[PDB]
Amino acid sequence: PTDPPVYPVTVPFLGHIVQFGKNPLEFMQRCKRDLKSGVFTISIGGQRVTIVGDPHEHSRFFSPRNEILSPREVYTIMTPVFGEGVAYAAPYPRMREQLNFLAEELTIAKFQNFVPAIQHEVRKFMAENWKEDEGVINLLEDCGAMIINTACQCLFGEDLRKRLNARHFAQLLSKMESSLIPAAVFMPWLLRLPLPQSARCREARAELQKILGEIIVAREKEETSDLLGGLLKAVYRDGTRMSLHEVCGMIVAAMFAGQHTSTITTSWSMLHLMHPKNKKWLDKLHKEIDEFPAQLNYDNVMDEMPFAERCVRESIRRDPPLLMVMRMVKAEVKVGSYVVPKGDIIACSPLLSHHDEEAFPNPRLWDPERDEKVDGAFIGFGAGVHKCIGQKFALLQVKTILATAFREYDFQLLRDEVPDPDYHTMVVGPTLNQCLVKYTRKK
């Protein structure tokens, strides 16, 4: 019957842009509390956004089919990045074919050699950059570098990596990313505003696709199982091969999706583990990794690091890098006693749901041993048909980096407290200038 309650608006043009922009964790909890409803509506620039902040109603967000709750419309800003006809921009069944092919390239079947590849690259990094017996580094920056270097080592064959190294790939991604206006998800008119300098997303994407095209021509001529090689075997149900434009787009989705999420997750994990109050947890991590061989394998990381995975999960739980998952409502959906109407953006919020007192009591405490107290309350990687396809790969990366770094080094935060989350970037992570850390090589 009933519309969800709307948080009062004092300035119509902006709606709640000020309070939601400045501090989304505070503002979302305050609406939930003061309006006395887990499901509620805010305005971003006049656009209604209805938030399903009751974890007992998570499935009313994650379960409806695409023609009812549609991701396409929220993600049209990505069209220049992934490409026209790619991913969200494809008809829904074709989108699903595409994402499923990419998912297959990121399953456990592909991981046999990943751990040595990740480990070797991480050691290379520490050997080049953490040389002395002790030194000061920015941990957020170094994790970033390690994430992209390790992902390329895993996913791209040597011929590719010779035309497109990690630094070159990073720069191309950065140009595609710096073009985006995150808020245009709600206010597409922002696209009309002038830029400080010309965007370079079209250029960067075309340069990538051109390089892949050349790699393929050269491979056709010599004769296979890197990410690219895999995607080139994909054949849709209609009998057509995934095109070079589509393959490029999937590869971009892969690298783009993991570069900040995984970096941030790595960084938070280390930041907690190195803080003095969490000595008991770092001691546990050492119990679990200390009998590992110098050359880790699949079994060590997949099967024998459950504590470290808990540490990683709890870091995403407390400070999820994606605060909101969103859909356009194409037809009304019932959620509890409310009805959410056509034209709303509906959202399920990992930031909010992960701070629900019932599901996660004392939510600002980092407790790797906690379990959700409401089934499905943890939505850091989403849920249902659209759940994260990179999650097993990302965990494999993060856990391998933790096992490798803390084996050879001790770390200490320069400041007194784990960093504040910086809510000012679309992928939210620890405040960059609060992330200075002193490493000390173990004797």
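Basically, rigid core = biggest C-alpha set you can superpose within 1.5 Å across the two forms. Numbering follows the first chain given and starts at 1. What changes on going to the form deposited in another entry:
- For the residue set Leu195, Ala103, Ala294, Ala127, core-aligned C-alpha shifts between these two forms reach 2 angstroms or more at a single site, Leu195.
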The other form holds:
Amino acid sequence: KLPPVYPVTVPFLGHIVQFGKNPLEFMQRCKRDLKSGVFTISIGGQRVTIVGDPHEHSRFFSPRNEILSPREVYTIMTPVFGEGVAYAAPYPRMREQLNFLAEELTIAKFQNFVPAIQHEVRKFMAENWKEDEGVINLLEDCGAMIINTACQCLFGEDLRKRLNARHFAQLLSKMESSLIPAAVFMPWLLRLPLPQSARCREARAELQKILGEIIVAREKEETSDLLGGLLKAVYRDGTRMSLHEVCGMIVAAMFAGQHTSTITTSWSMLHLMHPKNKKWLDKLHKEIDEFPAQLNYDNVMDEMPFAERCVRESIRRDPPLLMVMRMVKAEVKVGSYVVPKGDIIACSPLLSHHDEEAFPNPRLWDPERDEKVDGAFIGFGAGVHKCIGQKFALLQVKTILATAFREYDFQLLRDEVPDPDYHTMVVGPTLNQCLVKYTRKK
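Having looked at the form deposited in one PDB entry, could you now put up the form deposited in another entry?
One chain, no partners, no other molecules: that is all that follows.
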């Protein structure tokens, strides 16, 4: 009573070599040659049992933290959010902090956002794309837009004054370097010592100070932004959040967005500018060219169903997070087989989204397709741990698309849509392939 195991050769390594090079081919091979969408592979010592049977998704997603803990797995972030925050925190507290972040992320907050985004994007666009035409690296240029957009939306003029978009980004990288995504199956790796940590901490500590002073002054002035929103939060204890915690929460939110949203906006534009996709590109202007030159919340939330399909397709074909994963607290039946505690269990957006019985012709970016298995899309995952950023993220992205594609016209400098570069922890179009030429529509 246990899933088929894909045989190992270089024993102390296990499957890392193959899995590192191309995760999909490998996990596909695994599935095919084992004749099961549920299978176990090995990273170093660690057993890892994967779920690429969409018919099984619920099994991974639905069970309680009691049965599968996302903590022992994501404690690789702990340098970045700080001790006793998020997965460091105890379950109830972890759960609690997450709600606080969600509530500051619900639609209600959004009404001001749509113009805010448009303002930044245009600002960047006019500021950074000044000719009738020119050459830009889309992914790079996109990313700045994403970081600017979030801040406009989530921080206050006061904060922006003490924390300019560009510099917030650098701060965030610094922590980023502290991470070894390897340890997610190998913690003692977490135990190894890294120089980066120093920079991460400096950066992290430094930030707080900026927060502090901003906070303190605000108190004296006595605001509706995320931070402020976060402060007013209170636990089931009835205790307020600490300035450590408020930093960690901000940071998580900042972290999740920067790459993942930025990547998706890029993937989406790359597809639409592709001549082969021109029909799809046209069926977009059908949707957005009658719009005001000042987009409104409704335009995007309720009046933009096509693009959402695009943005979703992008995320289906090229999920930026290949794996979501848990530790197994107790044996839980999945499919025929049973999984013992001690196993990293893990479900893949990558493997699951390429499932022929669920997404036939999976490398084909067909926006108007739908899953053909129930809950076989998991780009924002599912269950308790379903994304609490998707609405904001999607909103952000749609606004961006409409804005850029209203004024500017783009040509990809390549025969084909760039390949995925799988060598980063968040997976994106290959950086050097993302050179695009724009032409001012005007």
